[PDB]
Amino acid sequence: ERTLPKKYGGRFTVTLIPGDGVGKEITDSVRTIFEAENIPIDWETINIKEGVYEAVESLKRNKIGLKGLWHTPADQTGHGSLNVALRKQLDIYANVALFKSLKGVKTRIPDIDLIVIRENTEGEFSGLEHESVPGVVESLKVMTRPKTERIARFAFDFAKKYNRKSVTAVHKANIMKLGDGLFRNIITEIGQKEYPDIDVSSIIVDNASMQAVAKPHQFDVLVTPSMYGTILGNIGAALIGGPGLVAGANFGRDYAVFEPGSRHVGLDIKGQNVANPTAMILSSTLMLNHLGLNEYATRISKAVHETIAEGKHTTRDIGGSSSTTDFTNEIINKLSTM
Amino acid sequence: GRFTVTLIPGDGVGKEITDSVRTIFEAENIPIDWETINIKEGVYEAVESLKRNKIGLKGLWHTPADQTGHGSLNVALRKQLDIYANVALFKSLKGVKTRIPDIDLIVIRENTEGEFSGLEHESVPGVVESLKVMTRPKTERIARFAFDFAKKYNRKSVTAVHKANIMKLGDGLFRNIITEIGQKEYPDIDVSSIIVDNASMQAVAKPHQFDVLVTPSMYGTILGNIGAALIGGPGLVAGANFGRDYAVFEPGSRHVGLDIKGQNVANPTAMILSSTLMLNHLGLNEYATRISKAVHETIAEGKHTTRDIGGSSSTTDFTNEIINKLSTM
Amino acid sequence: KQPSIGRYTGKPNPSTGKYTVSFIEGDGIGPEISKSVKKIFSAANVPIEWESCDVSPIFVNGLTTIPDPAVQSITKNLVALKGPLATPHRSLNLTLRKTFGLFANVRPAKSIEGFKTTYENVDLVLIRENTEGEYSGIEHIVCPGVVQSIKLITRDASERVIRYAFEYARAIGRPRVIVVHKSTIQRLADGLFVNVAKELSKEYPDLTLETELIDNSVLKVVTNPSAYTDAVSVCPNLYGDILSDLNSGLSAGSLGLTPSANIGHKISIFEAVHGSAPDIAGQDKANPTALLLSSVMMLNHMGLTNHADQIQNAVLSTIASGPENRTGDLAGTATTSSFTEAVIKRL
Amino acid sequence: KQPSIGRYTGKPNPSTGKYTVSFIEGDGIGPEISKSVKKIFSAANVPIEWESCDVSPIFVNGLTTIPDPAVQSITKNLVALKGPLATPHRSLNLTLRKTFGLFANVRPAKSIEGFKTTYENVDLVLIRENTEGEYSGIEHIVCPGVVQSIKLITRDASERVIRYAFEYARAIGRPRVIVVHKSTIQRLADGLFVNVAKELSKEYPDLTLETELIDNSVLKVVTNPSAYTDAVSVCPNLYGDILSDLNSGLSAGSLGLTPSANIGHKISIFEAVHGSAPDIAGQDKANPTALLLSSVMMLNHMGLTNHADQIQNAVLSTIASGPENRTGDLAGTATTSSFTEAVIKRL
Ligand SMILES: Nc1ncnc2c1ncn2[C@@H]1O[C@H](COP(=O)(O)O)[C@@H](O)[C@H]1O
Ligand SMILES: Nc1ncnc2c1ncn2[C@@H]1O[C@H](COP(=O)(O)O)[C@@H](O)[C@H]1O
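Chains as they are written, first to last, in PDB author numbering: chain C, 7 to 54, 60 to 349; chain A, 16 to 54, 60 to 349; chain D, 4 to 91, 96 to 354; chain B, 4 to 91, 96 to 354.
Hint data in this document are derived by calculation from the structure and do not stem from the laboratory.
Ideal Cβ positions, reconstructed from N, Cα and C, are used throughout, including at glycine.
Honestly, I wouldn't trust all of these hints.
Here are some, though not all, of the chain A residues that point toward chain C, as calculated from beta-carbon distances under 7 Å [unchecked claim]:
hint, residue
1, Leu139
2, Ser143
3, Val144
The following residues of chain B were derived to be distant from chain D, with all beta-carbon distances above 10 Å [unchecked claim]:
hint, residue
4, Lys4
5, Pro34
6, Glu54
7, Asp57
8, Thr90
9, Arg97
10, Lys105
11, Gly108
12, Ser118
13, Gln155
14, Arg162
15, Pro182
16, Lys205
17, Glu210
18, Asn231
19, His272
Please model the complete structure; the sequences and the hints are all you need to start from.
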C-alpha cells in the first residue's frame with residue numbers, strides 16, 4: 007500500500023499549489039478554515060518555470076493535491092499551459108466541474124444542477140502543431156479509443172456513484188466524422204452494454220451551447236473532449252453566478268488533484284483581497300470527502316453555503332461588499348457554533 | 016491429404032509465370048488443388069479466399085500512377101490480412117553471369133506501415149503532406165519475426181536499415197526497438213544498424229558484408245531491387261509474405277512485366293522458387309527439395325535457359341526442361 | 004460606406020429600374036415565409052426583381068454539385084436570399104459555399120422588442136471564418152484505434168475574414184473588435200489568427216483591437232450580454248459556430264429569429280438559420296422575421312440603406328409589438344398572413 | 004549557357020582582374036586537400052582570389068547559427084568552395104543550407120580512368136531536392152507508442168528543382184530527364200512532384216521527360232549504369248539522398264571521388280562529400296580529386312568554361328593515369344604533394 011494517500015499516524019500530507027493570480031489568497035482562505043477546524047492534514051506546499064517538475068514529483072509522493080490555476084502566456088515564446096502539463100504528466104485524465112446554483116445568489120435562471128466531465132490529456136489539448144510553409148499552420152487533434160473508453164467509463168461510474176440519471180456526449184461528429192465520431196460512439200456504445208440503467212445521449216457542441224444558455228435544466232451530466240468542456244464549462248460557470256462558486260476536481264487512476272471548476276486566474280485582482288474563495292473551499296471539501304474525512308466536509312460546506320445564502324458579509328462578486336478575509340472569518344465563525 | 020491453396024495470377028507475366036508452376040505441379044502430381052481467382061475491388065474475393073485456405077501463391081498486380089487510379093491492392097491484400105512480413109531471397113545462381121558472385125542475403129521488410137501507410141492530404145493547393153506512421157506494436161512484431169527467421173535458418177547477422185539521423189522519432193523508434201530486442205532476446209545473433217543511403221552504397225559495392233536486413237516498407241523496396249539486380253534480375257528472386265494466420269507466396273522482386281505479357285519470353289524461376297518456399301511451408305518439401313534442384317541444375321546447365329539469363333528458350337521450353345530433369349530424379 | 008471586402012457590384016438591370024436578386028424559396032415553410040418577403044418588399048418600392056432558382060443538387064462525379072440554372076443566376080446577380088432547405096453526398100450548404108466562394112458568416116443576435124426572454128439588452132455581432140479551421144475535411148486513421156482531425160489555419164483565409172470584421176465594425180459604428188482565440192494551448196494555429204489581426208489592426212486605427220480567450224468570451228457574454236454591444240467579434244470556424252449558436256440562445260432562446268449572412272468575395276448569400284419546419288408548413292404559422300431580417304442585412308450589403316432601415320427600424324421590428332400581431336412562436340396569435348399585412352401597414 | 008535558375012552574378016573585383024571566392028578550408032585533411040587546389044588553380048591562371056572563412060558555429064538562441072565573418076563573405080562573393088568538416096545543435100550542414108538558401112544537390116558519378124571498379128561506363132547525373140520532403144523537421148508523437156514523420160512536398164520547392172534539372176540537362180547536352188518517384192503509393196506527395204515536372208516539361212521542348220519509380224531507377228541502374236549516361240534524374244529529398252550515395256557506390260565503390268554542388272537562388276556552395284579523414288590528416292595522403300572536381304563544377308557554374316574543361320579534361324582526370332601518380336586510395340603511390348605537381352604538369 008505505497009499507493010494510498012501519504013498518511014502518518016492519522017495525518018495526511020496533501021500537496022498545495024497556490025499558483026498565479028488570486029491563487030495565493032484563495033488557497034490561504036482554505037488553510038485558515040482548515041486549522042481553525044483543526045483538520046488532520048499537513049500541507050506540503052510548492053512554488054515555481061519548469062519546476063512543474065516539483066509539483067508532479069510531490070503529487071507522486073502524496074497522491075493528493077489542492078491547487079489554484081497557473082497563468083498561461085499567449086505569445087509565441089511563452090512556455091505552454093503547465094496546468095495541462097501537470098495533468099498529462101500524472102495522467103489525471105478526468106476533470107469534473109460542479110455547476111450547482113447557490114441559495115443567496117441572484118442568477119438569471121435559478122435552481123440549476125449540472126456536471127461537466129471533460130477529458131484532460133487529449134483532443135485539442137494534445138498540443139501537436141506545425142507550420143508546413145510560412146503562413147500555413149496545422150494543429151493536429153488526437154482522439155484514441157483507449158483514452159476515450161477510459162473517460163467514458165469514468166463518467167458513467169461517476170453518474171452511478173452520485174445517482175445521476177442522464178449522461179450526454181458533446182461532440183461535432185457531423186463534421187469531424189472520425190475524431191468526434193469515435194468519441195460519440197465509444198460513449199454511447201459503452202453506456203448501452205454496460206451502465207444500462209443510465210440514459211445515454213449525444214448532442215452537437217454548438218446546439219449544446221445554445222440549449223445550455225437558454226434551457227439548462229434539460230442537462231444532467233455532460234461528457235466532452237478537452238475543448239468543448241472549456242466552453243460548456245464557462246457557460247455553466249456564468250449560469251450559476253461566476254467562476255468563484257464552482258468546485259472542481261481532477262482524477263487519474265493513482266492521483267487526484269482538486270482545483271476550482273471554472274479555471275480562471277484572476278490576475279487583475281491579485282493582492283487586493285477582493286477575491287471570492289467559495290470555489291477553492293468547495294472543491295477543498297470535495298477533497299475531504301475523497302480522503303475519507305467528510306464529517307469535516309459535510310460540515311464546512313454547510314458553513315459556506317449558509318454564509319452566502321445569509322445576505323451581506325458575502326464577497327464582492329456575489330453582490331456583497333466583504334473582502335476575502337471577512338468572508339473567510341464568517342465561515343470560521345458559523346463553523347465555531349455548529 | 017489434399018491442400019486447397021489460393022492462386023492469384025495477377026497482371027503482366029503473372030498469368031504465364033503461374034502456369035509454369037501449375038504444369039510442374041501436376042507433372043510431379045503434388046497433392047494440392049488451386050482455388051484460382053481473377054479480378060477492380062474484388063481484391064475482396066482474394067482476401068476472402070485466403071481467409072478460408074490460409075495459404076496462397078500469387079504474382080503481382082499492376083498499380084496506376086494517375087490521380088484517379090485505384091491504389092496498390094497488392095498492399096491492400098497484405099494490410100487486410102495483416103500479412104505484415106515480407107521476405108525476399110537474394111542468392112546468386114550457378115549458371116548466371118553476375119558482376120559480383122557468390123552472394124547470399126535476405127531482406128525482411130514490414131508490409132503494413134511506414135511510408136506504405138497511405139495517409140496523405142493537400143492542406144492548401146500545391147502543398148501536400150504524406151504522413152508516415154511507425155508504431156511500437158507493429159515494429160516489435162517485425163523485429164521478432166526477423167530474429168526468429170534468422171535463428172530458424174541459421175543466419176548469424178541482422179541489420180536494421182533506417183534514416184534515424186534525420187527522422188529521429190520515426191526511424192529512430194524502428195532502429196531502437198530492433199536493436200533493443202535483439203539484445204535482451206536473441207543474444208546469439210549479431211544486431212546492428214545502418215543508414216539507408218550508406219546501406220545502399222555498400223549493397224552495390226560490397227554486398228557480402230550483409231546477412232539479413234530488416235527495413236520499413238520503403239527502404240525494403242530499395243534494398244530489394246539492389247539485391248534483385250545483384251543476382252541477375254527480378255526473375256530469380258523467391259519471395260514470401262507472412263502474417264500470424266496466413267501466408268502468401270509471391271516473387272521476391274515485385275515486378276509485373278507488363279511489356280512482355282503473352283509473349284512467352286518471361287522467366288518463371290522467381291515464381292517456381294517461391295512456389296517451393298510454399299511447399300516447405302505446408303510441410304511437403306520432399307517435393308520442394310526436389311523441384312528446386314531441378315530448376316537450379318537446369319539454369320546452371322547452360323542453354324535451354326530463358327531469355328533474361330542469357331539463353332534463348334521460352335517460358336514454355338524452360339518449364340519443360342525442369343519437368344524433364346524432374347522425370348529422372 | 005459598406006465593407007470593402009465583400010463589395011456588391013450594383014448595376015440595376017438597365018431595362019427595368021430594378022436590381023436582380025436570386026431567391027431560392029427553399030422547401031418547408033420556405034415558400035410561405037418567402038412570398039411574405041416578396042410582398043413586404045413590393046410595398047416599400049424596393050428596386051428589386053426576384054429571379055427565383057432551385058439549388059436541388061446534381062451529382063456530377065459522385066461529388067454533389069449545384070445546378071447550372073442556379074449557378075448562372077447567382078453568379079450573375081451578385082446576391083441571393085435563400086430560405087431553409089431540407090437534408091437531401097457532400098453537405099448541401101457546404102457545396103454551396105465552395106461553389107460561390109463564401110468565406111465569412113455574419114451572425115447578429117439582438118433582443119426583440121415585445122418578446123421577453125431570460126437575457127436582456129443583448130445586442131451581439133460575430134463574424135466567423137467559414138472556410139477552414141477545425142472544419143477542413145482533413146482527418147486520418149493513423150492506426151487501429153487512433154484518429155487525427157486536422158485544424159487548418161492560414162494567413163490568407165484569416166486576413167480576409169479579420170478584414171471584413173474591422174470593416175464591418177466600422178460600417179456599423181462599433182469602436183471595439185475582439186479576436187476570440189485560444190493561443191494558450193493552440194499556440195501556432197490560434198496564434199497565427201491573432202497575429203494576423205494584430206498586424207491588420209494598424210491599417211484600421213479608428214477601431215480598437217482586443218484579444219480574448221473563448222474562456223472569457225463565453226464566460227463574460229453569459230454573465231452580461233451587453234458588455235459586447237459595441238462588439239464585432241472575429242474567430243476561427245469552430246469557436247464561431249458555437250459562439251454564434253450561443254449568442255442566439257442568449258438573444259431569443261432559440262434561433263427562429265436569427266438571420267445569417269454568408270459573404271463571399273464577389274457573391275454573397277443571405278439566409279435564415281432555422282430549419283424547414285415541415286410540420287407547420289402550409290398551415291401559415293411560420294415566422295418570416297428570421298428571413299426578413301436577412302433581407303435587411305442584404306439591403307445594407309447592396310447599399311439600399313434607406314429601404315433597409317425602413318423595413319427594419321419601422322415594420323417587423325415595431326410590428327412585433329402587440330400580441331395581436333406576432334406569431335405562435337412568440338406567444339402571438341397572428342398568422343404569417345396577418346403578420347405580413349400588419350407589417351406593411353407601418354412599412 | 005549555364006542554368007538560368009541558380010545563375011552566378013559575376014563581377015570580378017574591379018581592383019584586381021580576379022573574381023572573389025570564399026574557401027572554407029574545413030578541418031582534417033581539409034587544409035592539405037585545400038591548398039592542393041589553390042596551387043593547381045594558380046598555375047592555370049584562374050581569375051580567382053581566395054577569401055577563406057570559418058564556419059565554426061555560434062549558438063544565437065540555442066539554435067546554431069553561422070558566424071557573421073563567413074556570412075558576409077559568402078553572401079558577398081556569390082560562391083564558395085568548402086572541404087570536409089567535423090561534427091561540432097542543429098546539423099552544421101543544415102544551418103548552412105538554411106542561411107544561404109541552398110535548395111538543390113547536384114551529384115554526378117562517373118567512372119574514373121585508370122581506377123578499376125566492378126561497374127563500368129557509369130556516367131550518372133542526379134539532382135536532389137534538399138529543402139523539404141521526408142527531411143522536414145516535422146514529426147509527432149501522436150500517443151504512447153505511435154509516431155508520425157511528416158513528408159512535405161510543395162509545388163514551389165518542386166518547381167525550382169525540376170527547373171534546374173531541365174536547365175542543367177540542357178547545359179550539359181543530355182536529351183532525357185527522368186523524374187524518380189513513387190506515385191504508386193504516395194499518390195498526392197510524389198504525384199505533385201511528378202505533375203510539376205510534367206507541366207514544366209512543355210516549356211523545355213528540347214528535352215524529353217520520362218517518369219520512373221525508384222523501383223526501376225534502382226533496378227535498372229545497378230543492372231546497367233550506362234542506360235542513364237544521357238540522364239539527369241530529378242527526385243525528392245529521400246530518393247535523392249539514397250540514389251546519389253548509390254550512384255557513387257557504382258562509380259567508385261566509395262565516395263572519396265564524389266563532388267557535390269549545392270545550388271541556391273543567388274548563392275551556391277561546392278563541396279567534397281567525403282569525411283574529414285582525421286587519421287590521415289597531415290601525413291599528406293589525402294586525395295584532392297574529390298574537392299578538385301567540385302572546383303570544376305564551380306568553374307562551370309561561374310562561366311569559366313575554358314578553365315574548368317582545362318583542369319578537368321586534362322590534368323587530374325588524365326594524371327590519374329599511371330600508378331606512380333594516383334594516391335593510396337586508388338592503389339597509387341603518390342602523395343598529395345606529388346599528385347598536385349604531377350597534375351599541374353599536364354595542366
Ligand atoms: N477566484 C475568483 N472568484 C470569482 N470570480 C473571479 C475569480 N477570479 C477571477 N474572477 C472574475 O473573472 C474575471 C477575470 O477572470 P480570469 O479569466 O481568471 O482573468 C474578473 O473580472 C473577476 O471578476
Ligand atoms: N519474368 C521476368 N523475367 C525477367 N525479367 C522480367 C520478368 N518480368 C519482368 N521483368 C523485367 O521487369 C520489367 C517490368 O517491370 P515494370 O517495368 O516495373 O513494369 C521489365 O523491364 C523486365 O525487364
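Cross-check of the supplied hints:
1. The criterion of a C-beta within 7 Å of any C-beta in chain C is not met by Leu139/A, whose closest approach is roughly 12 Å, and the hint is violated.
2. Look at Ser143/A: its Cβ gets to within about 6 Å of chain C, closer than 7 Å, so that hint holds up.
3. Nearest Cβ of chain C to the Cβ of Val144/A: about 6 Å, under the 7 Å cut. The hint holds.
4. With a closest Cβ-Cβ approach of about 37 Å to chain D, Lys4/B is found to remain outside the 10 Å limit, as its non-interface label requires.
5. With a least CB separation of 45 Å from chain D, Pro34/B remains clear of the 10 Å interface cut-off, as annotated.
6. At roughly 40 Å, the least C-beta separation between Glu54/B and chain D is larger than 10 Å, which holds for a residue marked as non-interface.
7. Chain D leaves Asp57/B outside its interface by the beta-carbon criterion, the shortest separation being 36 Å against a cut-off of 10 Å.
8. Under the 10 Å C-beta cut-off, the non-interface status given to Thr90/B relative to chain D holds; the minimum distance is some 31 Å.
9. Against the 10 Å criterion, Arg97/B stays outside the reach of chain D, whose nearest CB is about 20 Å from its own CB.
10. The non-interface label for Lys105/B is consistent with chain D: the shortest C-beta to C-beta separation is roughly 19 Å, beyond 10 Å.
11. With 10 Å as the threshold on Cβ separation, the claim that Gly108/B sits away from chain D holds: the shortest Cβ distance comes to roughly 22 Å.
12. Chain D leaves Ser118/B outside its interface by the beta-carbon criterion, the shortest separation being 46 Å against a cut-off of 10 Å.
13. For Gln155/B, the shortest C-beta to C-beta distance to chain D comes to about 7 Å, within the 10 Å cut-off, and the non-interface label is violated.
14. Every CB of chain D is more than 10 Å from the CB of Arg162/B (nearest about 16 Å), matching its label as outside the interface.
15. Chain D leaves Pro182/B outside its interface by the beta-carbon criterion, the shortest separation being 39 Å against a cut-off of 10 Å.
16. No Cβ of chain D approaches the Cβ of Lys205/B within 10 Å, the least distance being about 22 Å, so the stated non-interface status holds.
17. The beta carbon of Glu210/B sits about 27 Å from the closest Cβ of chain D, which is more than 10 Å, so the claim that it is off the interface holds.
18. Residue placement check: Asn231/B keeps its beta carbon more than 10 Å from all beta carbons of chain D (closest about 40 Å).
19. With a closest Cβ-Cβ approach of about 23 Å to chain D, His272/B is found to remain outside the 10 Å limit, as its non-interface label requires.
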